[PDB]
Amino acid sequence: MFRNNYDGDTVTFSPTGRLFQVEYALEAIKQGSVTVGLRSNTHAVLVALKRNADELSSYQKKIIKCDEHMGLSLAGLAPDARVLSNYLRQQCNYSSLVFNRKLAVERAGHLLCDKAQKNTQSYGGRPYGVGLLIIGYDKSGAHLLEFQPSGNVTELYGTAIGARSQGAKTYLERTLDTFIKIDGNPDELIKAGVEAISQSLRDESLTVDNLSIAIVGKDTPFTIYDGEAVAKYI
Amino acid sequence: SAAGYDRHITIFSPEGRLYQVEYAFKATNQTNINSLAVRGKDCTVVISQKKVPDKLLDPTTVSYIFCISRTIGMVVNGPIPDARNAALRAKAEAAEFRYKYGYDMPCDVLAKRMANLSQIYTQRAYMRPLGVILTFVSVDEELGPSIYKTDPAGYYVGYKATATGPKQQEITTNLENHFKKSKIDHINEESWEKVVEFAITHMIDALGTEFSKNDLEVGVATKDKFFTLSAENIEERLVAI
Amino acid sequence: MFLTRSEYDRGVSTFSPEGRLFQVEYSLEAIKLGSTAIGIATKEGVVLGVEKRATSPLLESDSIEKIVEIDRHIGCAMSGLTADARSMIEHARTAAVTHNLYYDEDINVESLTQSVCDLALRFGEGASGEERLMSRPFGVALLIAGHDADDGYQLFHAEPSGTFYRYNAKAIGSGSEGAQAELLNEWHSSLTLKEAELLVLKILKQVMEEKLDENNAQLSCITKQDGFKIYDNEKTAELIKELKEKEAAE
Amino acid sequence: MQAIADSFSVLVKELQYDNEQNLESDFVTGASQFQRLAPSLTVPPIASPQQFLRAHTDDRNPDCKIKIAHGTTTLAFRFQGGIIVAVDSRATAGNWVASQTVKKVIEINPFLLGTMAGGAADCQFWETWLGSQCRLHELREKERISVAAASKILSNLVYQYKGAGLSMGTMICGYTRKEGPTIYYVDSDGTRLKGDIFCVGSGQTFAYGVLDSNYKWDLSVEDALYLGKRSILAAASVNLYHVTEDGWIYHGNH
Amino acid sequence: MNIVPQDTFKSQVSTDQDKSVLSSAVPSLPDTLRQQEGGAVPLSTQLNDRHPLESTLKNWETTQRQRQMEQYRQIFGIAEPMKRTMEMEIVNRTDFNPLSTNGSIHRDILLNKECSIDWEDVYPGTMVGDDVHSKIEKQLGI
Amino acid sequence: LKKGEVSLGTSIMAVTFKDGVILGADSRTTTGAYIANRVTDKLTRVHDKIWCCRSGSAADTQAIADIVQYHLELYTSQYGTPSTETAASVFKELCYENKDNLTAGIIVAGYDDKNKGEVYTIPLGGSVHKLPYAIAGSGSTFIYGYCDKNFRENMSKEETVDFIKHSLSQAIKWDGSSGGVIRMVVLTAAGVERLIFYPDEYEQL
Amino acid sequence: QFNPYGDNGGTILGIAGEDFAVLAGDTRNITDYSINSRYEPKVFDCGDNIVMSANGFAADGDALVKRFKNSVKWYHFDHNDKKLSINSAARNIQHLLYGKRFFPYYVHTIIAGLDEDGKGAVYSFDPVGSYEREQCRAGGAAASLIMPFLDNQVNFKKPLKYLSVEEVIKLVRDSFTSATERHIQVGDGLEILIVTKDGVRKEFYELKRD
Amino acid sequence: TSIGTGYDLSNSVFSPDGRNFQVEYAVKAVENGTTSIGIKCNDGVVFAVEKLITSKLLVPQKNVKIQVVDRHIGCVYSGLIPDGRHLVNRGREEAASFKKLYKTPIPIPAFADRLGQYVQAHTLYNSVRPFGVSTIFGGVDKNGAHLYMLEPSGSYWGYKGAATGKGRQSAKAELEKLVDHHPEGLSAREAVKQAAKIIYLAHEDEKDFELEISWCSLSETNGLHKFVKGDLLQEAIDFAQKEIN
Amino acid sequence: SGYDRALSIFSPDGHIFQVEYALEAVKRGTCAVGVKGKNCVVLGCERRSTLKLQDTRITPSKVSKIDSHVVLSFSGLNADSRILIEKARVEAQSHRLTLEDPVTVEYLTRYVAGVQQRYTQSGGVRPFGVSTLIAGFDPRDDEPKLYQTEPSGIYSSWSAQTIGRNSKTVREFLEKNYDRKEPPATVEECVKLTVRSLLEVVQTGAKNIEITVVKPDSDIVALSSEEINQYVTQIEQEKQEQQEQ
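So the protein sequences, as listed, match chains F, A, E, L, 3, H, M, G and D.
Residue 1 is where the first sequence starts when you use PDB author numbering, and the numbers rise one by one after that.
Residue 2 is where the second sequence starts when you use PDB author numbering, and the numbers rise one by one after that.
Residue 1 is where the third sequence starts when you use PDB author numbering, and the numbers rise one by one after that.
According to PDB author numbering, the residues represented by the fourth sequence are -75 to -66, -62 to -14, -12 to -1, 1 to 165, 174 to 191, in order.
According to PDB author numbering, the residues represented by the fifth sequence are 1 to 125, 132 to 148, in order.
According to PDB author numbering, the residues represented by the sixth sequence are -9 to -1, 1 to 196, in order.
According to PDB author numbering, the residues represented by the seventh sequence are 1 to 157, 170 to 222, in order.
According to PDB author numbering, the residues represented by the eighth sequence are 2 to 206, 209 to 248, in order.
Residue 2 is where the ninth sequence starts when you use PDB author numbering, and the numbers rise one by one after that.
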């Protein structure tokens, strides 16, 4: 009731000191399907469960390639996902064109945080409402980042976002020491990710239509497997 | 209070008033400290009260007296953020005047400039006035010792002497009685130290209960320079009668 | 614990407590106020069919244009506010012609659909970071039917949210629910062109209040060799008569 | 206000990449440079761009010189049911071998044709652009564009750049139901002349005389083609085009 | 830190460079009738044979203002130029007087030109346009 | 250099010594062969102990010096007394960013309690150089050897005065655009000192 | 007044075969009498089996190749990694060149690849964008020495269609050797890129002056 | 009254008492953040943060709660994470620009003034929001050691000891006791031990926590900002655990 | 409810109420009617009874010529129609200048609808409370064209259409008395049908009726009061003869 008076826009604090529009934007992530990311000292992988409108429709794209050494997966709104993926592509292209340099994953996370913070303190727009998982390989090795649209970025060994992602996150926490040491064997890491995302399923089974995988590594350019390319991992 | 609008922006009420301006006026007494300004024969003295209740604060960083140019000093009544904003803008104004017209900015012209900016704030809807009161002191090369005050409404005026704060009425009455007794619109002394001691004595007898060297701040303007005194100088002035 | 009024559904840039944008939902509701359009994609071409709601018999029959030609290989059907669809169609035509000018080739159907969706995003931040262009989302939905060498015959659904889907069959408009149920029941990957046309006519007849005839319904198809064409009234009338005879056979 | 703060917060300036046009031209933000219906033309940022361009376009490498369209004879006329367009296909050899024969006439549409007679790049580029404009107009109006409208579009475009350095003389030939068969001539000076018979080339007086000797409105298709071929032969093998309401038809050496 | 204005020449041209006056029939070409410039003024003619002092005079005050903002940024910080620009933008955006062209009093106070006169002040200065609705469309962006 | 303008044909010297710095110049302004100003003060003050001398276009250098004095007043209002290096940097930025439109050369002399007296020179073009001593102007070309043979580090005040007087007297003797009186400013920790020397004094050296 | 142009003096040659294309160039970079470098490639693989060369002012050619490669990157991004055909690349390069109509690139451009039927294709561009498809094109200094040598041994009307890739490589090497003997700007090396259905292959051959 | 109805829905609005309620609501947002303290010793500063333990999936070296504005300037903040990151970025930009222009590290008071003006400018218009963070920053310059605290209103002051967050009352009481017990001054190592003790004492809320400490001293770190190695951190933790139990 | 305060707000049922309110404003204007014949178009307008002291010689007519071959009538706010008509005339001349061809009827209708739509895209502007009927013939064409434009920017093509006050009764009369299979084949029949349609709502008669006739080759004629009086008297005589039987 009292929250109803102080949640008009992002330039208003409640009398208790709460910014409710940003909290609602954060809550918007739960409306998207689950994505899992993980990595070892050599490779980083993303696993995504895709959804279709109905039987006659296609499945949504959950994994987007940014550059030959970096990519991401989405959970949340579609427009903000499109905007942020295009922005990251532009930043990687600028780095390559101007410096002949590969954009670092940490730099991409910082740029995303800077762009996301702006919409949460000025009137006339809205905060973003998408969580992102960013995998990459650079001069410091393999990297996985979690971006929250409040303007936050965290570096983790593994994580999951989306609806009912708590089970996958618990599984990743329990078995950290196992997949943290899978070096030089992409298949084992991908299977560990698939098993992790299997914990978040509810009355659902992974198929060749609703499963998407992505991998990046030292000698592996960022590659996306869809359809029959994931049939071996089921 | 304001009924409909006039609670956000500066437009007329049915009574013909601007409530936001009056509320900005009431905002000037938040710090609950007082300041006094007097003129000598060839100096102008401003004395402000220091209150540092917190023991974790660094006293040397607490100040409401600012140096605007070589000859102009300013004292602000109100919260310190708007005070610092006003101080920076006044510095810019004085420097730009010197660049554009080839001679130093007088105190009254700077006061008029700040008052015109305040008028802008009182008339524009999407701008708020600064809840501060500004007092400029100098020794102008034409007008001699000078004290000029500006308020959130855009009103400015010069003073023989002035006082501002939650207890300004008592100091004003004491100064008025003294000037009635002496029949002179200034202080007949040849050194600024005596003027500072007189201002300290006036403040003590008006506020009461006296103070030590750490509860006071003193700025003095001469014909060449405006300078703020340090704690040892104030201690010497307190000791010397 | 009192019943007050909530006001999170009035601004396009305001989140609900659960993270929803209700102006987009209301734009979809505006879409549902329009007439029905049905698209069926097969291996021999894509069929589009629309219902013409004539409020008055004095309205010109050849004036309602719910089916337009974006390009020789791309056609479109619309449902919702016609004024917004006009701008969307102009943008799509410009994009196709510009792609031909700069690349000397036909544009992919998916690329055109993506461009239209990027335009539809313009009530907020643009896809390339552009400033906002309009004050509210569009109130139209599009069915984009095309053929290209990379992916064959494709049918896409484009919505004001800026998201498009690929469909084997899709219905939009007022009678979209029953039509979509019929499409779910009656679509298979081995349909011919004439069977698709007959199915479109049957579903339109099912979901239309008025008696279906050549004047309140319109058919069109896109094929690789003949491009995009809209059937005249005589061909559609012959198809309707054949459908009636087939129905009366049982 | 935060954008204002960003503008005053401290490499990009020296690269000149704080300007959106520079980013677009180098394809940093995307392929929007290839999305402009009206192309953007770079001009030297000096006081006298025209003098600069004129001085630098007349100074060593034959392969770095601006290619000039053939000054060979080109003919066009309208007899009774279309337009006969005739050119001489005697190509000029150089340090190259052609995979197939070149064409001196640009095919703007299945219904429109143009001639180069000037700077080759200007004619090719701007007639392809004109084809795009005509296609967009026909999509919008659901009707074939009139030849007058297309020639007027080309003339307005070339006039907007008058004196900048362009050089092109083209003959727009078309056939529509409302107008009939129409020929216009458009020059880089902004000239736009409607006509019945046009002869532009190195030797065109001979062809014009041969035409005027045996020109009539009651010519047949075969007679008109023969007359055009004979006029070209008199001027100086011969590529022919017959334009009718249903489009143009190309004859190799008929 | 510029005294004389620099980088005043155009680097690109196009037939749609003036978004205010574009033909509705051919959106890629400008509208000659509504330009109301005599009808025989191609854009190319504006690229040559200009008076050398014209660009210096047209951009002088903006250049001095930018130098002042740069000095404030160097000596005071980001906040001072940010606040000055915000004030000026608010004042300029809230003013809409289609029947007059004079600058406001508050704009003159902000520019510190309350008691200053230049030739722009003394010399402030059809069939189609020059009406209130054209100014409304230009101001609102519709 | 625009036609009909005024050029600063002069002789400028700046010498660092044991206690501070000294800046000296002549006092002649000429238009062609006519001495437009027989008595000119070329020692320009941009701050209490930061002075300069100018060469090139007179109008351009006057505008640049006014902007520099304004900038240093703003800096003083914010942070206090600037260093000579800061003033030299502002001068260099102004001269370099506008070098395609203005013709300016500056010699900056300064004193502060940290660096203890410094000389910077910004020739035409906008580059900056820090030197123990500097000479500039049309008349400086005739004393490149002499100065190079007679400068010592950490000279006393009187030795520096004599060195500057001799060098500027020779430059006056040989350069047509130079003449009149010699002006000098001594910047030390004790304050600012002004000196003037007349032709009947230095011509006998 | 500042002159923004220069000349670096190279020689390039493109030949279209039955099912392959060849683009070769000399590797010497000079400034009008001096040798800047004896090995500086000017023929570049641009992706999607397209080879490009822009001979003349080296800065302009580098800029054009850079812009084309970035445009191809965005084309892959925006069209689901679709392969860019040779004719589409030719149109893109025409637009890139004509975008500088009033401040042109001082280069002669040749691209080579395979058309949609798998046959070899070569496109030549004039400095402001005019382009055409050709069987054989020689550009730069000593083109007048290279074309007659090729025409003496090939009937473009053994017919060129039945020639193999090795024979074409040998003929190009012979023509460049003769040109190096007769021309002072040609020498120091020859680099040949060959485009076939298997991709792009590189060959290098030393010429006179080392 | 803490809740001003009718005057708390816009940023730049004065109440009839002359108060700005949106700034006060930002202050209340600050008061819910994690506890942070700063202590000024004889020749430097020490910062201490009560970090809350998280999942093991976090990379241990890539999540630090003490930010380095510059080689001689370190800061911590309590409130909104994005606001703190934004203010740290602005501080880094200001320090870099000052060092580029004047060829010396920026003095602490100048940095404090620039940051305070930037914060204060966000209380002037209704199209922006006050920063929901309070910052404790400090370092060493040619004049000595400086420690400052900056509030959402743009008000900043120099402190002998500063505390912010949920456990601000107990931390402030302990800081006052420490200042009283050491009229002469304090040393860097004693400051580190007392910072660990104060962070441990202030914690009162079933959740395990860790501690971060940071030094900047002339005698210990040559006037540079450094983190705490294993030995000193372990010693301070042992001292704090002895203090608690 | 709270959904009708701006042009950029959808109601939960998918309506924009300000558009409907502009239509309500249109509903209060005087009636206008357009009838498409076999080879002509007839535009009829209802005029309020002229006041006694009104100068009935200089006041603008209800039917305005956009060009030599296109005419426009309106219903709604009279002052907004002037702006729309002026813009339409300027656009017709601009199109003639740019393409040497005069506009088609549909092109001008689309331009007018575009202006009306463009005036619905800002919160600081007011949409035109006008609905228009545009009639004419394409150049070198003999197919009559009649279109209707609405304040929202929607345009439609009609064989007979009425707008304004009491337009529903006239529309019902037209639907009863007009068939597209056999349109009136002469100008006289079209004018008589238009007069009889207007007489259903016009209170007085021939003095509150204005009629303009458009015929191919740009033939635009405004009928005088005497001809309209003759038509009205003929219709009344026929009605009386029918009722007498």
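Source of the hints: derived by calculation from the structure; they are not laboratory data.
Hints should not be assumed to be uniformly reliable.
[Unchecked claim] Which chain D residues face chain 3? A few, computed with CB under 8 Å, are given here:
hint : residue
1    : 95
2    : 119
3    : 143
4    : 179
Ideal Cβ placement from N, Cα and C applies to all residues, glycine included.
query = Holds or violated: is the Cβ of residue 119 (chain D) closer than 8 Å to a Cβ in chain 3?
reply = This hint holds: residue 119 (chain D) lies near chain 3, its Cβ roughly 5 Å from the closest one there, short of 8 Å.
Given hint residue 95 (chain D) near chain 3, where the shortest CB pair must fall under 8 Å = The hint holds - residue 95 (chain D) has a Cβ within 8 Å of chain 3, the shortest such distance being about 4 Å.
task = Against chain 3, run the beta carbon of residue 143 (chain D) and see if the smallest gap drops under 8 Å.
result = 24 Å, violated
ask   = Holds or violated: is the Cβ of residue 179 (chain D) closer than 8 Å to a Cβ in chain 3?
value = 34 Å, violated
Consistency with the previously given hints fails for numbers 3, 4, ordered from lowest to highest.
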